[PDB]
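Chemist: The chain contents come next:
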Amino acid sequence: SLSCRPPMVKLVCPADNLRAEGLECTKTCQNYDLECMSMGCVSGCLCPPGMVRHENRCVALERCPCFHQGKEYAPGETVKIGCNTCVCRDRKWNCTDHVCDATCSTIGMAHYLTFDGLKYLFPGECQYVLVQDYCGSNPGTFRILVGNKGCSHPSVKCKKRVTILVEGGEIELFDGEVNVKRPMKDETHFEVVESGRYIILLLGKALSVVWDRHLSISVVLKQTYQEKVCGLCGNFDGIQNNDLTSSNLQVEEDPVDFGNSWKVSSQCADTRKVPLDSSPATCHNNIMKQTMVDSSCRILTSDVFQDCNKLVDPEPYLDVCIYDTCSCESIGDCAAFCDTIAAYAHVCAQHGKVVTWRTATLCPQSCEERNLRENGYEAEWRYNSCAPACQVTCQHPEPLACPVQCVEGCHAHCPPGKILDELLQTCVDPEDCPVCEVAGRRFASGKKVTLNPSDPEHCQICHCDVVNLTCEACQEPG
Amino acid sequence: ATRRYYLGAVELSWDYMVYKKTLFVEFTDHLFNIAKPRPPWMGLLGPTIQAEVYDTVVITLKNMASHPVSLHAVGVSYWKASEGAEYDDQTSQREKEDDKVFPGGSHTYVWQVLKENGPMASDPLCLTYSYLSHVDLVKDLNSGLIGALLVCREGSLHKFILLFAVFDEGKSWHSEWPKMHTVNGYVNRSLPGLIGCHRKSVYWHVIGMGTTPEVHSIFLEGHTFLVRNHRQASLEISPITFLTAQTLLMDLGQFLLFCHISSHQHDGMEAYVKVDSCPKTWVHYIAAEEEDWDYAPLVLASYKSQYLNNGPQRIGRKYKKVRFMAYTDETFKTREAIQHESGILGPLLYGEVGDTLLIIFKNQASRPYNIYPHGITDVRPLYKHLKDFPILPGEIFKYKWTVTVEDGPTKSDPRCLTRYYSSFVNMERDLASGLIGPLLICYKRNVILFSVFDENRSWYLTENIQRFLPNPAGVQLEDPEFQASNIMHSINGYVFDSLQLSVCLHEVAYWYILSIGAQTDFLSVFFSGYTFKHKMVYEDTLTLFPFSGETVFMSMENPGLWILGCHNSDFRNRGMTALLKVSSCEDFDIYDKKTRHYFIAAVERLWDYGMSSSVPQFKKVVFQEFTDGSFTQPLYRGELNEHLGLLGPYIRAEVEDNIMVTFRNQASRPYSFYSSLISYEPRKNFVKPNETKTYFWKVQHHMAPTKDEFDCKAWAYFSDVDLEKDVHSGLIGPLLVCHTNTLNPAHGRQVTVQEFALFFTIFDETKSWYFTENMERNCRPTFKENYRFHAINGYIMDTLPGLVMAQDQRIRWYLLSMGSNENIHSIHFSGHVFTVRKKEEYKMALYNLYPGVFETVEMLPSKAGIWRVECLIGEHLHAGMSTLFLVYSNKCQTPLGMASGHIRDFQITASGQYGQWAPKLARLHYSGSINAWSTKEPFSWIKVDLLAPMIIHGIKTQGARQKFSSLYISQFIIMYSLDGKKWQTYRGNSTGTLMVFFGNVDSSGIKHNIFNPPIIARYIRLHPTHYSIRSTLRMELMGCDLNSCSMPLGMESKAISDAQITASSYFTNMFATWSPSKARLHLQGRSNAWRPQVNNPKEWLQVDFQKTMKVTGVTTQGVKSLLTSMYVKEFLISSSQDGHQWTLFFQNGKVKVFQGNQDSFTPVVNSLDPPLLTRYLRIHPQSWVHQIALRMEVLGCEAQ
Ligand SMILES: *[C@@H]1O[C@H](CO)[C@@H](O[C@@H]2O[C@H](CO)[C@@H](O[C@@H]3O[C@H](CO)[C@@H](O)[C@H](O)[C@@H]3O)[C@H](O)[C@H]2NC(C)=O)[C@H](O)[C@H]1NC(C)=O
Ligand SMILES: *[C@@H]1O[C@H](CO)[C@@H](O)[C@H](O)[C@H]1NC(C)=O
Ligand SMILES: *[C@@H]1O[C@H](CO)[C@@H](O)[C@H](O)[C@H]1NC(C)=O
Ligand SMILES: *[C@@H]1O[C@H](CO)[C@@H](O)[C@H](O)[C@H]1NC(C)=O
Ligand SMILES: [Ca+2]
Ligand SMILES: [Ca+2]
Ligand SMILES: [Cu+2]
Ligand SMILES: [Zn+2]
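In the order they appear, the protein sequences are chains V and A. So the deposited numbering is basically just the index in the first sequence, starting at one, shifted up by 763. Residue numbers 1 to 17, 45 to 184, 193 to 211, 228 to 329, 379 to 401, 406 to 487, 496 to 556, 571 to 711, 1675 to 1681, 1693 to 1713, 1726 to 1793, 1802 to 1900, 1910 to 2329, in the deposited numbering, belong to the letters of the second sequence in order.
Derived by calculation from the structure, the hints in this document are not laboratory data. The beta carbon of each residue, even a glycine, is placed where N, CA and C say it ideally should be. The reader is advised that the hints may include incorrect statements.
[Said to hold, decoys possible] For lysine to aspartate or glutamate, the following DMTMM-like pairs were computed, each having C-alpha atoms within a straight-line distance of at most 25 Å:
(1) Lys790(V) x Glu2066(A)
(2) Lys773(V) x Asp1740(A)
(3) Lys2049(A) x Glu1015(V)
(4) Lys2065(A) x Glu1015(V)
(5) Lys2092(A) x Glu818(V)
(6) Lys1968(A) x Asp525(A)
(7) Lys2258(A) x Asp1017(V)
(8) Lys790(V) x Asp525(A)
(9) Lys2092(A) x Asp796(V)
[Unchecked claim] Covered stretches of chain V (in silico footprint by chain A; criterion: 3 or more residues with CB under 8 Å from a CB of chain A, positions within the stretch not fixed):
(10) 765 to 772
(11) 778 to 788
(12) 812 to 820
(13) 1050 to 1058
(14) 1081 to 1087
(15) 1091 to 1099
(16) 1150 to 1157
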């Protein structure tokens, strides 16, 4: 009755050894490298010795497919996920990969989206720890705190201040401006670039800050800090549901307590628990206003954002949009509405799906205010929904590792062979920039370059006055 | 259409020509006060229920008796709420009201006649069935609760119902007593009004009723019966039989309808039928001559000593018989050359339709005799009746026999009908004296007679006593031992292999086999090693009722010395056997002239007939399939063949294939492997213990089904060392022979249909080869009742497993019966009908199984649930001849609660765990730092303990991830159980000893593995064979309940019409319209839930299905609208049948409060432990969060 149709080899248990591997130990592309745990020998049909079994068919070992999310790939094929790319080789993924990263976002007036995708609402008026590495055993490298003033129920005139301490340097982001109160010890990797509507601050190899100059604060950290950071942005462990862990290593069920646990200054009063008001003042007892808010926020799931609905979760962004628009008197001039839509579009474009949603009817933007072609500025200011944020300029001649692929706003296109200058806001010759060059790296005037930071015998600090380069030996503290 | 019948079980006093009987009576109104008139010819029969193929029958049964009754119908289809029979079908108490109707109560049964229940193209205008009370089959049948059910073709709506019933007053409901053999409840020709038309043909819907195996032969004098366009001399009524007969009345006057069995002459199954207006000539000279006949010439002699050796009180072989002899001339001087084969038979008479037989008979014997044919009607003198006219010795008479049209075979019958002629002066005495001759009635020749000559009834007994015995004075005629030696069981007058027919190899032979004599039981005639073409189909065993003949066609392709006999043990051992001498005169898909090798052994095992489900254990011998020729590892029998029980392995083959069976006798006494299909080219088919034998042959067209019948045919194989004791010891098995390209090359079976082989027999442990050992082990006129088991495949009392089939698929049933004459089994599938194929297609619902015959039927189950296949013989069913089979639906495949939390944490266990990765976390989509079961050990297992047995259609497995590693189970096997003690590994469609499932390749992908055929279990168990790092599992069981009621009723799929949902009030404004018709589950949009205008605890949402449905669970869900999470947290449920009479769903005596949602997005399902049979459903919310909003989904099924 054990009729194995050829070329399938029949295996029958000796019934005496009681140790031979039978049919249970079927080899498969899934489990070729895995040890068999057999209770006892099973008799049955098997693929010939040179082949393994794949679903309902026998395939050669050289043609075993590699596996990925709900899919199979033939050997030699390539795939790309996140920051990494891999090739199918011996049922494995041989990867030529970079270092991935994740972004924690301050969405809306008082909404926080952690690195693990957890979104919560916390209308705290205190100054809180946005993200810090001081979590038990800590190296103590960076600490970013956020302070909100006016983000209560009358959140129309709210303001946010970002205080960043890194390598002994203090940076304050406020009123759409960046002030370096104390210079960092190593300024080689410290860069601040202004591209379009956004400002990108690189504060090291794995620390990036993105600001929309009004309300959107994004902290980009590489995966090396998967188990080193803590705060309002979570512990970066990859688990969404445990981001509500307080500073005392206790998970808080109420987000208000989790937010209050990371208070910096005890002078300010703690945020008390308030029942969730679904309809604020403008939307309270106003069906028409709520309908208008819902219709305005429905654009996040429209045809223009159709390609993004399969990549980025639209529920938290839609909730933030509704909550912010229900506090605005009018939708046309609602700054929070446009800022939330711009942040969502930026997130969508970070995955490769750029959406051109802006129009004169809804959140109009134009570059004609700065396109002073007749005023001696030889630059072409054009609006772009996603343009590179690390374009070479006089202030940034050396290419930089941009944390984001592209950003939205006005960019100054130049004639070929020219370089933009932000101080003069115009395109000039590449040699006209006040840029020095050392060790193959070009840096604008006023910048400090550190060579051999860990070698006292070769440590050098180089400065550029205008075009002359002056390098001095580093002073030994002792 | 719809037909209303008002039935009442009225308890009356009945006289057959005064006992107390309960009878179904038809009334006129629903008040059951006025009884509808019934014609006098019906008697004890209830009213005739006639239904067309597209009708529905509604019967209101009121129990006016002192005992419970019911209405169990045969032939029609119905739901479990109208079956009328009580057994372990796992239905609700609302579906149990049909089972018993206690006195004073009432019930309503609805029977649907479908296209499946209609007569086929070949079946007559109306199929015949019966309804009957089924509370206690023996008492209900013997009390008179039986009625006719005529299923006619559409447009069908003269004909008579005939109930040939043996009412045993000792087993009725009023017994707390003779057996009355009656026609429609009347005995001794007292049945009136049975009129018929002069020339018009009359249809008889014959129902034979009886609680004990008791066959009947029904003759109408001067008439024949057309059954399935086959001409027959009589009706062969089995104890429970449905058939349709057609009789062409031609002669005016009164004729007798009677049972011809001699032992039933005093019983009185007689009635009168009043018919009223509404060229070749053979010449034969035959003489009756007295002569000495040697019943066993050239035989050297125990049975042989008792029957053949002469002694002081033993006559011996020779007896003075009287015999018919053929003479060449009128002067009666020279006899024609006699043949050794014909034996005691007279000259063979032949006649075609319209031919005339000119018979000239001279009574040359010393006693008056006569000659008269059976089957031939027009018998006249050449120049009361000639039947009783005696011919004085020395006289000469001339008869003229005219073979008319109503005597010859039809185009469906064989070319020649086998009849006889004999003396009708004293039928039994003249027949026992030796006057019998063969007759052939053919349409425009090896005769074999199985005859029991009772010499004690012969007219020449005194002369034999005075001649062959030394002391005639010292002869005790009443001595049973002396009388036994005179009852000669012979073939053509030859006893103990004194007859040897020799036929040529590769020739065609017509055998006319006849069964006349003192025997009152049917005979199971067989030719060892030969299949023969009877009624246009190749069969193996011929069932011969007394006084009947059958024509058989066969080709003598099997050479050797074979034994022709009958499967009656006493007759076989009393010398009713004859000898028959035959001699010459690259990647590929695993699934997408050959020899089919098998390895069967005879093994000794303990068997308790399924009574463990002190219990006696009997040591039996069975056929056992092994993997290979070493016979050291038996082949595992899985889900598909678990129904076999005691039956042996399926030996499947096609035409032109080679069967090679290696048979090893591992038992304690010699056995054999015998099948009638084993061909050779005598032989000692005798396998000693610890010896092997190979049976190799080629399957030919005579071993296969014809082009008309089903794709496979079933044959029986068994041990032939002792045909009776070896069957009682448990040696029997199915051999399937199928058409070409009908078996799957990879699996070896026909996967288009699903096949089940049922073997019904009464095992008698007193007749087994191990009776002494069984008595010694167990026992440390009711003694034999404790050792007889009316089993199906060796199982009694609904304990046979494995009969699980899918709805709307085609099922092929191979039905076998083996044993003595008591094994006439009236096999019935409750609520289901099937088709049989001889040369046409016939629709049936009952089948009478005769020992040695392996029938094949095919059905299509339409209703889901647990049904019963039983034997309608009251005593066999009461002794436990029944079993349960489940018809599941593939549609009902719903989560079993692993992810929904319905399976609590105490129902999940495991061999162990690693850290805090508890087995209770092994749930699909479970999220967390520790979100799965996981163990750091090899050879683990995770067990889910479902609270009740249920159907498992598949399992959805999922791994998990740790800090940087993915953990999953790549390969696993599945075990399951119903009590937690015996674990049976899953096999399904596998080619090996278990089904191997493949698991996950990552930590998030859901791997869905199917169970087909499904699992029917209470416990399930997963054993990981391969795992990545640790055996981590997040699983989800997909399944259903036994009655297949767990699927949604059409809210999430929007199958419910928008006009079918309403409410007391709904909240609407200029923008949002929370209409009730938008409360469907998982509905996405604006105002996607029902919300009343005013929030109050007296609101309700009403769903109307416009038809009776069964609700078994309600799934509720909330909404999140305008950042407000509104959802009902507690609610109650009410039901109504018309919309204005509502009742709250109370549980345990008080109203049940259903726990709603904890969050608006996760649905929660509350299952009603008692099913709710309703048309109108209402949900009343009690506690609501932030508003009264509810999205609902009803779980259930359809009903009547
Ligand atoms: C195990 O074997 C059974 C039967 O051999 C398999 O079930 C059968 O699967 C076939 C699909 O190849 C089904 O046929 C389909 O039927 C539908 C409905 O009539 C028809 O529309 C399709 O065109 C197709 O013919 C068949 O119904 C089904 N029968 C049963 C009883 O399930 C099963 O899939 C096998 N499972 C495994 C895991 O091997
Ligand atoms: C992966 O590919 C590179 C380049 O083809 C090769 O050098 C290397 O051996 C491969 N395997 C691994 C494990 O890197
Ligand atoms: C019927 O006839 C039989 C014999 O002919 C007789 O013994 C019996 O008493 C009669 N009546 C009944 C009711 O059986
Ligand atoms: C048959 O063989 C078994 C072991 O294989 C042995 O125990 C038994 O005695 C043998 N029976 C015989 C030789 O009759
Ligand atoms: Ca986390
Ligand atoms: Ca029932
Ligand atoms: Cu029976
Ligand atoms: Zn009878």
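Chemist: Going straight from one Cα to the other, do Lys790(V) and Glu2066(A) come out at no more than 25 Å?
Modeler: holds, 21 Å
Chemist: Are at least 3 residues of the stretch 765 to 772 of chain V within less than 8 Å of chain A when you compare beta carbons?
Modeler: holds (count 6)
Chemist: Establish whether the coverage given for the stretch 778 to 788 of chain V by chain A is satisfied; the threshold is a Cβ-Cβ distance below 8 Å, and no fewer than three residues must meet it.
Modeler: holds (count 6)
Chemist: Are there at least three residues in the stretch 1081 to 1087 of chain V whose beta carbon sits under 8 Å from a beta carbon of chain A?
Modeler: holds (count 3)
Chemist: Is it true that the CA of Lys2049(A) sits at most 25 Å from the CA of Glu1015(V)?
Modeler: holds, 24 Å
Chemist: Taking 8 Å as the Cβ threshold, is the statement that the stretch 1150 to 1157 of chain V is covered by chain A upheld or broken by the three-residue rule?
Modeler: The restraint on the stretch 1150 to 1157 of chain V is violated, since only 0 of its residues have a Cβ under 8 Å from chain A and three are required.
Chemist: Does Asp796(V) lie within 25 Å of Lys2092(A) when you go C-alpha to C-alpha?
Modeler: Holds, at about 22 Å.
Chemist: Does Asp1740(A) sit within 25 Å of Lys773(V), going by the straight-line distance between their CA atoms?
Modeler: holds, 11 Å
Chemist: If you draw a straight line from the CA of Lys2092(A) to the CA of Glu818(V), is it 25 Å or shorter?
Modeler: violated, 30 Å
Chemist: Just to be careful, I want the Cα atoms of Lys2065(A) and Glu1015(V) compared with a cutoff of 25 Å; is the pair within it?
Modeler: violated, 32 Å
Chemist: Straight-line Cα separation of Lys790(V) and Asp525(A) no greater than 25 Å?
Modeler: Since the Cα atoms of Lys790(V) and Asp525(A) sit roughly 60 Å apart, the hinted pair is violated (cutoff 25 Å).
Chemist: Cut-off 8 Å, C-beta pairs, minimum 3 residues; does the coverage of the stretch 1091 to 1099 of chain V by chain A stand?
Modeler: With 0 residues in contact (Cβ-Cβ under 8 Å with chain A), the coverage given for the stretch 1091 to 1099 of chain V is violated.
Going down the numbered hints, you'll see the structure goes against 4, 5, 8, 15 and 16, while the others check out.
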